[PDB]
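A single chain, nothing else alongside it, follows as structure tokens in the form deposited without the named molecule.
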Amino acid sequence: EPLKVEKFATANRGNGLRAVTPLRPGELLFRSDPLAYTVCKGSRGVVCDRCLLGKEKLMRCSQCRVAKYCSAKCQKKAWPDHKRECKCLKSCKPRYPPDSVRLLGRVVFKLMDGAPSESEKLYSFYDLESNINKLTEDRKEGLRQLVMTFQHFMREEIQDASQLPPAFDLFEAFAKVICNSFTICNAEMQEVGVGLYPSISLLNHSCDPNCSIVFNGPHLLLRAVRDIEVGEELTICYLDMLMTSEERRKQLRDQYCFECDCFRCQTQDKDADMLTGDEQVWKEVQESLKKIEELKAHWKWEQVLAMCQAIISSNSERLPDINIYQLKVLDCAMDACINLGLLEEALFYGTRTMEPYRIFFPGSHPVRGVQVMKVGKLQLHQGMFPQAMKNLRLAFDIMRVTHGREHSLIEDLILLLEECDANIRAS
């Protein structure tokens, strides 16, 4: 198949990707497995190390007892890419390395022992942007500590430069990991892993992008979400949509070393609506969200729900649902109720997010597609067939663009649409 995309040198944002042919919304542009990936801090022992799917019971690697798998197939298939880190994870017990260190170990083993990776077809780990001449002294100190952490963790497998690729610099390698890591999300949009996809790392950022990525386990799909002309730069949004221009400025500086002067950032687009309600209340909710999100990252649903209900149904002052901190609380509560089987209560929170999600996820965004699908599924199983169908159709209109036929969630959605249709036909 001929490529619809190509690497090019941009005028002021380094290398990028641009369209070779005219592109339409939903068009599949690229697909990739990671060069290297690992389970996240919070999802370790909750999801399979290999397929990143959750299971009631996981089977642990007998040698390290750190890697956990859904099946014998996943444990065995993961063995070649786990063999060398196994000895390191076992040796350094009970200490567990930062996710970036575990990830870089897997990069090194892949580059040393594995065949050239399809993930590096357009751009390789060697080519990745490091932004070393923009790093602050504070960041360089942090990277030096990551380098020493890697040297300690990898002691059993990597003793010197002979066991690293030629002229491989660990400080530069961690600088590349900081601004090129992908957060892997499961079908429900829960963060479950971190990975490197060097060809996909050619995509520059936009606060209003024309492309979008989706994960199907560790597999990444890149799709157009707007019409794109020949030669037009392809962009993705690196950030959560529920962020003010000040919050985007801080992350883009701290993690990616750049300043954005796009229309949204120049006009603080949507900031005022995102921060409606009383500042003392949303500052408290924003602070509480640090704990709620940490609990959610560790799949502690009962504790997530308890903290969220204390806000949503507070005896004290409340926020509008369009306030992004209130909205994040509603979304955490919805996901906690779904995972706990409190479907009536999940629908209540989920329905409240629908109008704010319409506003903050314009066009076709996979996060809104999945949220609308969750609400439609909740309504379907409660027998609200005309309402469920409207939402399942809306979810399909978004997800046919953001997920496409190559994503297994689209098959799950088609089954809900057919189920809902049969129910309306028998009514």
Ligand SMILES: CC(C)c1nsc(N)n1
Second form
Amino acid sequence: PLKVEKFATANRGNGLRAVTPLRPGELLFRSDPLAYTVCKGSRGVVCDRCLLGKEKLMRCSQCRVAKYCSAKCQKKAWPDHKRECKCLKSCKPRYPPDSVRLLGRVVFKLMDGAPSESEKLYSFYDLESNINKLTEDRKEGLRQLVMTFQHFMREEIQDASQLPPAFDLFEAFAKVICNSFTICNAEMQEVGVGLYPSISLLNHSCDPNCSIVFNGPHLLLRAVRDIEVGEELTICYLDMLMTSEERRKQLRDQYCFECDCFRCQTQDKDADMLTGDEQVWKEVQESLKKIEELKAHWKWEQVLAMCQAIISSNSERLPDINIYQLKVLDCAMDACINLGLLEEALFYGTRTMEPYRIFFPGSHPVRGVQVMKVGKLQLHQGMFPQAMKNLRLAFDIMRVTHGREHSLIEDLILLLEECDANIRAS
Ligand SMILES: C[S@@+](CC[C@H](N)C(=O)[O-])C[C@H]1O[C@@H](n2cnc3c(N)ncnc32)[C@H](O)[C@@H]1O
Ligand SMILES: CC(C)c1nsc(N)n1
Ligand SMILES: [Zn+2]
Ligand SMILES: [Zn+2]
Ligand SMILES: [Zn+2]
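Switch over from the form deposited without the named molecule to the form deposited with the named molecule bound, please.
Expanding to the full complex; the earlier chain stays at the top.
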């Protein structure tokens, strides 16, 4: 009993469309990955299986590349890990690119695993590769990835008989480029990458009618707007804090298409995103490169230092609605939360609220979680009426974007009940 179906679109390959009208919040599909792996910066910081950042992680005794929070996670991961383990070990000093480790797990899954429910609607076989649109620059990078895969996997895979029938590594990597999902933890931090072939039927819109959220490696696909019968289902492949020009470059470079949506035609929100003096936000955009690199490696004290140099610069400053200033405020907030600097975190967090309202319209999981963070900071600091407003706002959003099937809704409900009990006591 599904409310969605595969169909051949007029000009964007295959897509997913509603078989019946859908309401905001409706669960449309849920999937474990065909294959997934922790990303580089989070390796050794989060559990390889559940992708949570425990304080204590045990590394696998053979390879010592995979780390686990528990015996339970080590066992649930052993089928997925058992053959890559010998490869990671054979290349003891070197570590492969995420894409290479991912495709290794794909190969082992397809060779050794039962048919995956993640492929119910659409299989890895079926995925778009866009090879006839790749630049020769891109094709050259794919060729290098193929040779990297051949090197990394030589201990377990020496020839084609150990690959699925007529499995082509070049085409496989081309598929990974435009069908990889960035797995986010409950705090919306990027922690892993995975393939969800059924979900890969969703085409892109900068104004989508559906949204995905992750609960560990588990993916929930939900409607975030009313959707009519026969209407194509879309998600936004990209970060919302991007101008139309930046979205153009990514959708070209990674997904090989020219976005024609109404937002890109109208340059919707571009002007407000780039307010302030250009030479200032050019420098911030450059600094953000290393800030996000540091954040990807959970380097919070260094993240905070770079952000303070910007937020409290002795030189000219930017409005908080400037998307680069906004990104800096958000990184500083997360840094302060992880360093226990809760007053400072709330200062930065509250500054992001109105910009997030503008740039994450409707029901977007990123805004829901941001508002929940702010409400939780306020609750801990005894600002109950303010916390309650933000916690209910987060619930308004996340009952649509997350739903009862996501464990964070249970946590939010408990915060609401705690905050309400404090307000009632008077
Ligand atoms: C995750 S797949 C989506 C399903 C894909 N259409 C298929 O047939 O398998 C992403 C690819 O679909 C195409 N695509 C996605 N969104 C598009 C859009 N809005 N306009 C044109 N092509 C799009 C691009 O080729 C992109 O690389
Ligand atoms: C049980 C083992 C051989 C396995 N099944 S799927 C995968 N990646 N590994
Ligand atoms: Zn775990
Ligand atoms: Zn291992
Ligand atoms: Zn667009």
